[PDB]
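The chain below stands alone, shown as structure tokens; this is the form deposited without this ligand.
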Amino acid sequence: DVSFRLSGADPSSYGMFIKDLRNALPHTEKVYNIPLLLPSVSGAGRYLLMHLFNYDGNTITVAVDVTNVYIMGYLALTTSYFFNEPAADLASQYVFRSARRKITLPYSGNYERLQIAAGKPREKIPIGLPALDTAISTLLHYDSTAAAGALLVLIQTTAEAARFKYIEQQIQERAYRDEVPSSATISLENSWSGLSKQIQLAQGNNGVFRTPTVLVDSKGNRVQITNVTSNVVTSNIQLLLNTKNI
């Protein structure tokens, strides 16, 4: 599966990791040239395992649902941790079975619940490769409040980077220094579902969205995406959540 080593990591090798990750997610069709994620999968095949090594070489393995790129849990040494979610729970039936013990975090994994558990919105959580290296370290040794914050960083530096090229780029700019995410980045992260959907709906509407998706650009300006010619569709978005999951 996909490995990433923070020791010696530079924008080039991170880009290689994000590409491996995108390439590990299965799809049969493409919609306007963007890989479409499957409606569902059955078995251990529904999950991808990422090996993340922090600067010092200590590792966690993270489980990602390959149909929506959600993190469902992770393994840290002999302990597995999963979110307080039916899906997450179901996932524990296929990975990290050889874990000595299994812990279930008090909270579910949506960005909103994790933000509460962490005690802060992600508009204030610095992300980047250094932050990812810290996140990894934080999850090795249990603390659930710390973990909520580290997961928000991990999700943004992996799942969200995979889904959007602009975000993978933001993280590359923060390869040797963390910075909180731009509003644009937040807007994007929040618009994945809608965008994935509106892009799929335009196949029978001449490339025009039933409903326009509102974002903020790389400077605080609210803009509307009405059709697939926009750069967010042509250049930015790299994966589509199958509408059979929206």
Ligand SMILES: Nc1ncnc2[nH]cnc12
Given for the second form:
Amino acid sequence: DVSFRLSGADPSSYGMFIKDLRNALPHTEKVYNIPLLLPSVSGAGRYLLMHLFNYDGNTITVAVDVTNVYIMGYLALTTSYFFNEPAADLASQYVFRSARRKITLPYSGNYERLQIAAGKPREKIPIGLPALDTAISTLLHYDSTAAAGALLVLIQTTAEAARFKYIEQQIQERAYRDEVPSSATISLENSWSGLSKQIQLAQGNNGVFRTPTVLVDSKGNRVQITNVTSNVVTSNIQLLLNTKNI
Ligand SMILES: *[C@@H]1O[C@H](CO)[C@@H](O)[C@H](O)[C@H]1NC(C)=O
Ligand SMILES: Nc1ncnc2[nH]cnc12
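Provide the structure of the form solved in complex with this ligand, given the form deposited without this ligand shown above.
Below is the entire complex, every chain and molecule, led by the chain shown above.
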């Protein structure tokens, strides 16, 4: 299990949490010095439990698929909550079994369905440590519309930060003040699968991408990533989605 506490939290303590989250994900192989997530894990071992504590010390436990860093659901007191999708239903067979009741959320866990349910694109949803504190508090008591926004915050401040050093840094900048994600942040989130595939395909292609990945940079300009010498590969991305899952 990994844990993060919002009470007394700073850029340093959050950085330690994101480090712990990454290190909790199993790998047997590194591709270009980047941990390669496993094709599959059988049983309960597929799911990492994140214990998150809001400022007041109230807590939720989030279940994360260790093969793709995908949030399946969470436990709030005696109620478990799971996304409306097969992978999350599978997860419910293994995690939070001691919960008195299980609620299936009226949406799947992908960005498209969450944004529809929240009524806004995540381009308009402020993120950061304060937002995460709100998110935890919101998930403590069931409210499906409010939960959609909270989960968008949660996904970006945990899973996406684990996947990209840039996003981790973005949240660290937002330690005491929330701000909507940069277009670069949105770009990276949308491109994790694409980048993971092309980095793996570069192995056997002299570090060259079979298909160039189009991103948006810090300034807001559109750029092409064509090989492993790019900063996105050498510095940014921290975990690779296995091609078997793409
Ligand atoms: C690799 O990408 C860089 C940009 O990061 C570019 O300058 C260089 O020409 C590329 N090399 C090859 C062999 O494609
Ligand atoms: N549920 C989820 N967990 C992690 N990353 C995601 N990206 C989109 N949906 C996600």
